[PDB]
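What follows is a set of notes on a single structure, which appears directly below.
With one protein chain withheld, the remaining protein chains of the complex are depicted in position.
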């Protein structure tokens, strides 16, 4: 009553009477109880499956292999799923065995049952629309599933880049706010030469801007797809025109410029695109983490630190230390970046585990990439909104570090040479006397020329000799 | 109406009127929206915080620092949390900035507000029970929080070892079922010498049994705790007798044999125990993955593989290939193992990121360890129940591999020497003739002696020559 | 006597009297005794330093900043180093502190002392040619050193791709050798559908061919260089026209199409190019390892394995098992691939450790990438010469696997539907009767049609329905 009985290769099984999924999905629900992450939590992934199934059905219809009415109803069911309906009917664990077969069959069963309803039949009456013979016609998991992954990740990358662009813009705006803050550059954490905080924050923006092209060019690799490979890449049970026509139909339906891999036998076990895209995310996370490490260091203080900048105060720092406020927003970003790096290692193991004509470890690989994308979007939005936008500088503290530095002696090299500048630098360190006073003390340069050479505003760019 | 107004260092903030948490927890909820994993999902972690707060209050009372009535009501509130109540009042993200302060203050606020109710006051009337001055008395996040992590992970390790032991026993029972199945060992995937499946499956059990002592001895490192360190390990604001007395009280309350670190300045930034415990989980996951790789290989077939064993058939293998059934249960375990390995790298980055008197990256480190423990328990239960318990062998296929192998010639080395055995082996490979027939043709041993040495049952143990 | 005395900021120090390096190189020799890997072992790295110093000197002269005669002798010294002379004068550890300053100063000292000789002076008479004021004029380590790394790695990538392409061609030739070997595809290690070994080995070639563009496009990122950044990217002490002119001169001198980074402040701490290039090497190593895993599996045997292929026999397999021969060449490649993956993690830690205006961890990062390139070239040559070129197939063994398989039932789906094909497949497994015989016993298809559908030669490509 509350169930219907379905059957497959394994035998008979009860399915909830109103479920749009069928017996093979039910088995996968039962078999893989690993995580709290399920396909229903990934709307772009479900949408991509619906794109794939709509394209395959349209191609089968155009090639004379699928009845016009069944195609019409598969397309309507796919349109509904694309529009956001029935996603609760996709309940399997993102960490699952079977190499994606359980997700492909989940799509086949849900679409078949909705198409049956549109034909005036009841769920489970697969004699009128078969998950295998109609919704999966001319397909395998081993092309439909990776093609769905690739379109989903291509689309998710668009959203990752969008949040990255907003973060970049936040750094550029803050660089303009801070453009007149002269401060001391540091290399190896030792005093170097002067710079502006505008230069430093524009450098944050510009190194992150480089990641746009890295993320986009590697996500473009996902557009090479293998529809028509069927089981292992030979195209067994596909029509000679199907691979090209299905790929063209899929490009039009999805709006992604998918193209057909030139060797489908090569493509079917190929996980390289996922590896290098995960690596591009790792590269960006390494840069983001470094930037956050810099921010926590420059905000150190208030009395025993560098104290060049102030981060927005978002919560009390300490249960015991009164008045303390900690850089909690860069800290949570660092932690996300470490998770991304670890997830990238998971991807590497999964990719290296492929065997012969298929890699069966793509579920955890996809789960890890999608988790990294989600966490990175959230970390970047948090960093932008609750930290970068409201940063201020301690301008006088920074300027006094420059005025009292020895490193400005570097600007004298073109005039007195490195040996003589070193003599001045050593004496400044040993005695505490200023570089400026020592140069005049030793009568190395006129005051008029020295005033130009040691002006901090004159050390921010290359210049001809004064 | 639906809110009350609380205040902290940052300012005033609305808090849901019936929440047991307070302003600092609310800020953390607002500040860290990263993941779908929250403290409320980790009962052992919440319970450990309640142990710590009950022990600290009891110690403060015994030292004359805390009123008897406030101690009594803190204790009652902690007892309720230990018993499983009010866990929904702990809603912050497991990936959070602030180095744990938001979890410590969440415990301080919830316990204070419950103690206030027991005193006949209203939530937020902190003048009668202060989150900082009473519930956090003599403490910092920087001892209460890592002590809670360590007790929680020590207790979660017990559950991990319990599920591992059930899996070990499943392998032992299956080894007994298969004890008479003689088969070919393989090294470097080349034919080696005979063995039994009893030997092979007991070896699975025995290598996993070795992980019990590794997990337990590394989890024992968590018992070294730092109560009394307060902010950085100096014990500022603690009574001289507090560190020893609080640790003793915590051992009695928690039932874990916690001991006091001999150098609290050393202990406060120390993440080494988490690193090596995570590594012990990684080692066990590597072993589990290798075993699952073996099972998928020995189950290969049915007509073009090794086909030594049959795994329970848990779902149809293929949307296109009829009759195919895949080793989906070992596959999902492999994937969990890869996730554990990646999470262990996240732990390594977090640990290496410590600075001076504190490591602020413990939230994601703990999140990753707890995720690995949960996934491993689920993977081991799944492997046991849906695969190991029901394995069968193809006994005649295995025996015929032994009888037809060349590698059994190895058993003749003590009688005819390696050069002569090599001559037999080369001729067997080149001609397709059997080792047995070739030895008799060359008349290197009597038929009666050869019948003994090359009997499959006599090639499984050391033996005396005759 | 056998020494000369030189001095620097630290003080006076003995240098071997005939060494071309000077005091700062001697200090680095003394300070960093870590590994057996020294700069003298990396000719492309030394050559790149000479390119950089020649280009900088040419530019300084073209800007009127360096005497034409001193430029001429610096150029001659650089030409000698480029031609392969004096590489023993570069003896520092590849794992060294100082962020590359010790390598930059080694180049400055060697070139100065050779220029001094060409001018009729003695080594160490730096008053006539200064390592700092002449050979390092307008430069810092922080542009000369990464520019040298990037040119060296760009050139080393050419050699890596060259050896990869030889290996690819070896797979293509072997694919043609084996084009008529029909065999069983396998997914999830279960029998799938037929393919040819030509298809499988061409897929090996084609997946590796995809790595050419990945390695090349990521190595092209090295061409963005930062000459003119000087200490931190501000261009302090450089002429305004120097950065563009030096980059153009460097492109002409090196033959590499280097271009000037648009933000030198961004570029100076930027390690992203190394991270993603190392990741591209990792991706290729993961593919190579998978292919080697496949070869070891397909070569398993001779009597208890798959035994589809024979690898050239390169040494006795066993000290105890007579006649055994193991897949030692794929095995050593696997091991190199694991080393590449580990070295890639070292690169990731080094990159994430950058601080403010410089990343000081580039020596071990460069050491690790260069070690991976060298090991991979050796592994690929070994795999090609001692394995791939001589592979043969066991043609009858493979053909009989196809003839006796159940998986050919897949070809019936378009004619009888998946339900009926499943019934046939299950009966074939349960009874051992052939798929062909069962189809006729069920009167599903005529013999004439069945003979065409189930011909394995008709399963290797898509085709219209018979």
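Letters A, B and C mark the chains as written, and numbering starts fresh at 1 in each.
Definition applied: contacts are C-beta pairs under 8 Å (C-beta built on N, C-alpha and C of every residue); 3 or more make two chains touch, one makes a residue touch a chain.
Q: Taking the complete complex into account, which shown chains does the hidden chain touch?
A: A, B, C
Q: Which of C:228, C:233 or C:323 sits in contact with the chain that's absent?
A: With C:228, C:233 or C:323 as choices, the missing chain is touched by C:323.
Q: Considering the complete complex, identify which of C:34, C:166 or C:244 is in touch with the unshown chain.
A: Residue touching the chain left out of view: C:34.
Q: Among the options A:256, A:337 or A:424, which residue touches the chain absent from this view?
A: Looking across A:256, A:337 or A:424, the contact with the absent chain belongs to A:424.
Q: With respect to the chain omitted from the figure, which of B:216, B:279, B:400 or B:404 is a touching residue?
A: Of the listed residues, the one touching the omitted chain is B:279.
Q: Write down which of B:180, B:210, B:437 or B:441 is the residue touching the left-out chain.
A: Checking the options B:180, B:210, B:437 or B:441, the one contacting the hidden chain is B:210.
Q: Taking the full complex into account, find the residue in A:143, A:266, A:331 or A:362 that is in contact with the omitted chain.
A: A:331
Q: Since one chain has been left out of the picture, which residues of subunit A touch it in the full complex?
A: Missing-chain contacts on subunit A: residues 184, 186-193, 296-297, 299-306, 317-318, 320-327, 331, 345, 349, 352, 401-402, 404-407, 409-410, 413, 418, 421-422, 424-426, 428-429.
Q: Need a quick check: the contact residues on subunit B for the chain that isn't drawn.
A: Against the left-out chain, subunit B lists 9, 99, 130, 132-133, 142, 185-189, 192-195, 199-200, 202-203, 206-207, 210-211, 214, 217, 228, 231-240, 242-243, 262-263, 265-266, 269-272, 275-276, 279-280, 282-283, 286-287, 289-290, 293-294, 297, 337, 341, 345, 348, 351-352, 354-358, 360, 410-411, 413-414, 417-419, 422, 426, 459-464.
Q: Just the residue numbers, please: which parts of subunit C touch the chain that's not shown?
A: On the side of subunit C, residues 8-10, 24, 27-28, 31-37, 95-99, 101-102, 104-105, 108, 131-132, 136, 139-141, 230-231, 237, 313-323, 325-332, 334-336, 338-339, 341-347, 349-350, 353, 360-361, 363-364, 368, 375, 378-379, 382, 386 touch the unshown chain.
Criterion: only the chains that are shown with their structure count from here on.
Q: Think of each chain as a node with edges to the chains it touches; is that a line, ring, star, complete or other?
A: Basically all the chains touch each other, so complete.
Q: If you average the CA atoms of subunit A and of subunit C, how far apart do the two points sit, in angstrom?
A: Between these chains, centre-to-centre, one finds 25 Å.
Q: So, what's the distance in Å between the C-alpha centres of subunit B and subunit A?
A: The answer is 28 Å.
Q: Mark out which residues of subunit B touch at least two other chains, giving numbers and ranges.
A: 317-318, 320-323, 325-327, 331, 345, 349 - these are the residues of subunit B that touch more than one other chain.
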